[PDB]
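Encoded as structure tokens, the following chain is the form solved without the ligand, with no partner shown.
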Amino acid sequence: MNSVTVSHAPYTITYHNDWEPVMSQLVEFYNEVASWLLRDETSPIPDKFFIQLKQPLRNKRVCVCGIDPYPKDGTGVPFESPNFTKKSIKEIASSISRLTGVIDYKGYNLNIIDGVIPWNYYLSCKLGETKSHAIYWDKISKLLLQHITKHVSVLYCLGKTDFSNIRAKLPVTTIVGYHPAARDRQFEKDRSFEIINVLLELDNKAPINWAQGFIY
């Protein structure tokens, strides 16, 4: 583990060694726009903006990515819902339940599954307004995502319309599935997770054990 200083809150950013190559523009990019982000109450709170940088990248082969945090109650861990109330994490868990057969569980977290890094493209939003901080995170978001995609084999984005713009880099397998909170798309939502393992050892990589996310 490592650490850097920034001009505004959260003042300090702790990060895993794998993130070193991009940390120097991150600091420069953040100081430029940080003043704007902190004008607003955010999801998550500033102290939790960068906590996913503590994650290693070399052991990751799948990135499950949403466009930005929950409009409220963000934790800094993408999709995480401590009391298991957010529709997204509830719907994701349902899909995994139908794929694995696990029926009894109390919660689910993408951040405890070997080889998976859960990621939010924009790292904050004005409380209650999705994609409201897109203009600020822009250069940071491209910088970080591109760093992720050189390590992972499969990038799985959630939100067809959410990811309507946004550039990504080759070669990475990239699927844009339906947002977990989207209406009757249970069939396609389920098989999107299922197809990820098929794709992973097309690239001859170990499958993902999605059942590891369950909280009992």
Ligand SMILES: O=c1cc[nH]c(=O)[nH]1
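Superpose the two forms; the largest set of C-alphas matching within 1.5 Å is the rigid core. Numbering follows the first chain given and starts at 1. What changes on going to the form deposited with the ligand bound:
With the core held fixed by superposition, the comparison between these two forms singles out 186 as the only member of 59, 161, 35, 186 whose CA moves by at least 2 angstroms.
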Contents of the next structure:
Number of protein chains: 2
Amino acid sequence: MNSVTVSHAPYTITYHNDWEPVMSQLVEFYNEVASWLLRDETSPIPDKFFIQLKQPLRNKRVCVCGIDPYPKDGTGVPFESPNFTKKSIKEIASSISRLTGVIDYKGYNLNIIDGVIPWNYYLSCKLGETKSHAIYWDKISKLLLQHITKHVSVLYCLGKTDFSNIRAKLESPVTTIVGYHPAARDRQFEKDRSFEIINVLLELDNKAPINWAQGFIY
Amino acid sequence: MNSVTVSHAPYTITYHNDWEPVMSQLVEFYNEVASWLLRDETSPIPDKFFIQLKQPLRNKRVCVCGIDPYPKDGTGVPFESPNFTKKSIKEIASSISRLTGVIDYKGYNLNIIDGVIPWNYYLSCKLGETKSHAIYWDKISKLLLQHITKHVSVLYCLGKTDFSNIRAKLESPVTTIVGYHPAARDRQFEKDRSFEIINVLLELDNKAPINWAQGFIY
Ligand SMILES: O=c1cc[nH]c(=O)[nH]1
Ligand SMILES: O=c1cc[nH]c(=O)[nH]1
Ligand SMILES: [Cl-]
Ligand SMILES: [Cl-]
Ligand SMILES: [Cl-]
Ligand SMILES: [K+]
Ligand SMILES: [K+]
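Provide the structure of the form deposited with the ligand bound, given the form solved without the ligand shown above.
Below: every chain and molecule of the assembly, starting with the one above.
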């Protein structure tokens, strides 16, 4: 676990060694755009922007990727809602409940699942405004996700319109699924088969399925 | 069925209307390289290069794709061996035999199966030399396979090394699986569950299964 310093808040970024190859470019890129980010109140707060860089990558086989943090109360862990109030994670838990038979739970967290790294393409938004920092994270977003696709077997992105151009953006050889976002119109998410498809493709790729029930909190 | 003219042999390419949108570009790319390509004796003969363009695409939900034709005796139909002598198709048949329970058969052809189009990424080779014509087919190969992946639900490529970067070339929402080639050492093809898993993937995509037993000749 090393760290590097950046000129603007949060001033230091702690990271796992698996990220070493991109940290130099990340410092340079972040120093360029950070003033744009910090003039607004943000979700998450700046000290939590990069908290997922503490996660290893070599033991990951699925990236679960949303476009950017919750408009409010983002923790720096994508989808995480400590009090289980956010619609997105509740919808995800409901789907996993249906697939796993786990009916009694108090919460759900993608970040405690073996082999899964939850990710947000953009690492912040202006408080209460989705995708408001897209232009500023852009170069960093491509850099960091491309780095993740060097490790994982499956990239699962949520939001058909949000991720409309993801394949041209990454130019990756990795398996990529773009599914419905939890708030997609007409409850399309609950019929989405992506969690099942991911496991079929992993086992095809000679990897263990994801045990999605590990995400539950009791 | 319409046809177009090319400047060198086979001179006329007849095609089903489903291929209409790539034909002008095909003519242009083929005219650019045919003079160099036709320095060699080929598998298949030039009059059979394009015979699969006679197939419709709108009723196809799976493409089974090899790298290029048999080094000798290619017929223009990928994997096809009229006398059932070639190793690849014998291994394919054996795999489908175990999957289906069909024990007595005299041959197997991937081209007589409802919903399947068998394909070769490169449409010829120099006689007796595998992948020898990749230099000539390059642009055509991308053009044609990309068009197929706008119609099929699953793309099944044979050759882990040959197709390792294929999802970056296609940049497609199609579900692409890359499996072992029939002649993979330590008999890895025999362990491969791709043919079986194709129907699982199709079901998740709300499509009908393939009846792989239609491929048998008796
Ligand atoms: O972190 C989050 C939360 C909701 N939606 C996302 O895309 N990411
Ligand atoms: O047509 C063929 C024959 C052998 N191998 C392939 O990949 N395709
Ligand atoms: Cl969506
Ligand atoms: Cl063979
Ligand atoms: Cl192989
Ligand atoms: K969001
Ligand atoms: K071949």
